[PDB]
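Just one chain is shown here, as structure tokens, and it is the form deposited in one PDB entry.
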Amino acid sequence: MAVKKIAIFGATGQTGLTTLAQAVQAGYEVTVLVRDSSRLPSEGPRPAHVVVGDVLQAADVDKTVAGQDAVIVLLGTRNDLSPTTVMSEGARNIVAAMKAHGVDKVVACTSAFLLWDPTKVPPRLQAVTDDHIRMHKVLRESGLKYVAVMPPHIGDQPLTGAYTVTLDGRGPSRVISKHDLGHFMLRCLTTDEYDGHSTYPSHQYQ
């Protein structure tokens, strides 16, 4: 087990940007798929490789997944309020490209709403949650080594690295810093302990 090359999908998002920065600082050779390159910061840590394209475009995903050791998925659809399939269709393209290229490890973020009663989901988040569920099923039925990361509210607190991780359930805390969440996405690259499990990271930021 030695992951050196990773693809990150969703690297321009709030969690993606800090996951990308941390990965670069730790020494990973990171490839990102971005739809427009000007949103990547021009100062600080930069990825080794940039593919310009869409997770909905199978060829763009293929170019991104080729030659990787593992994939991190931090896709989201920003403000869709009504039925949407971007994340699950992108997950299908990711799965197909990982198969074609022999990449066997994927760490993907959905939501802790998948661990709660469906009546906890606010009405205007039901569509996105539904597609998270579709994307989770896609990844679980793929047969790939899949770590399901299902975070509660994503905050802006500083990196601590001291969060809780609860397997196949929700945990006591109900927030995770975007920085701590990115930290855990990368921690999942260094072990098979979470493979096949759903994970809930959460921490105290008093």
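Residue numbers count along the first chain shown, from 1. Take the two forms, find the largest set of C-alpha atoms that superpose within 1.5 Å, and that set is the rigid core. Residues that one form lacks are left out of the comparison. First, how it differs from the form deposited in another entry.
- Superposed on the rigid core, the two forms differ between these two forms by 2 Å or more at the C-alpha of one listed residue only; from 153, 39, 35, 137 that residue is 39.
- Relative to the superposed core, residue 104 shifts its CA atom by less than 2 Å between these two forms.
- Annotation: Cα of residue 80 displaced by at least 2 Å between these two forms, core superposition.
- Taking the core as reference, several blocks of three or more adjacent residues between these two forms have all their Cα positions offset by 2 Å or more: 36-39, 78-83.
Return the structure block for the form deposited in another entry; the form deposited in one PDB entry was the one displayed.
Chain alone follows, minus partners and molecules.
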């Protein structure tokens, strides 16, 4: 495998769990960073390596990024809508570790609202969106091979692999299943065509 060792940040989350499951099935050697209180469920797929720590600690991020071929970022705040910098500060640490360890490919999830008219972002989501904006700027300015994944509403529909990928603009549907979103994150590992672009995956489930 050209890309074989990957770090996943946010593997315990909604999209992270199915991205991990798909990655292990596809043959990836996956390292995860998990917070001490929230390990992966006993019964799910097992990653190759587990680092227990916090994306806010450079040391823990360093341990997770060392030796990888690529990084997938699915960080979030589990529907807590309070003001936060955990995603942008975590991205700062990931960028610094990637530069220090010679890793170039990062596929990182923010949100479709970064392709919206900002005056139409729902105010309830503005605080989280503000940190997505901060995070995207950190990654865009890094100079790394950065795929900016900007999905609409993440749903519970099936894995299809049949979704539309819209480049640098809003796509034709307003939903992507968490399984398809994880499928796309992994697809981004084996092609350079989305590097330096914003990508909006969306689908109609029928």
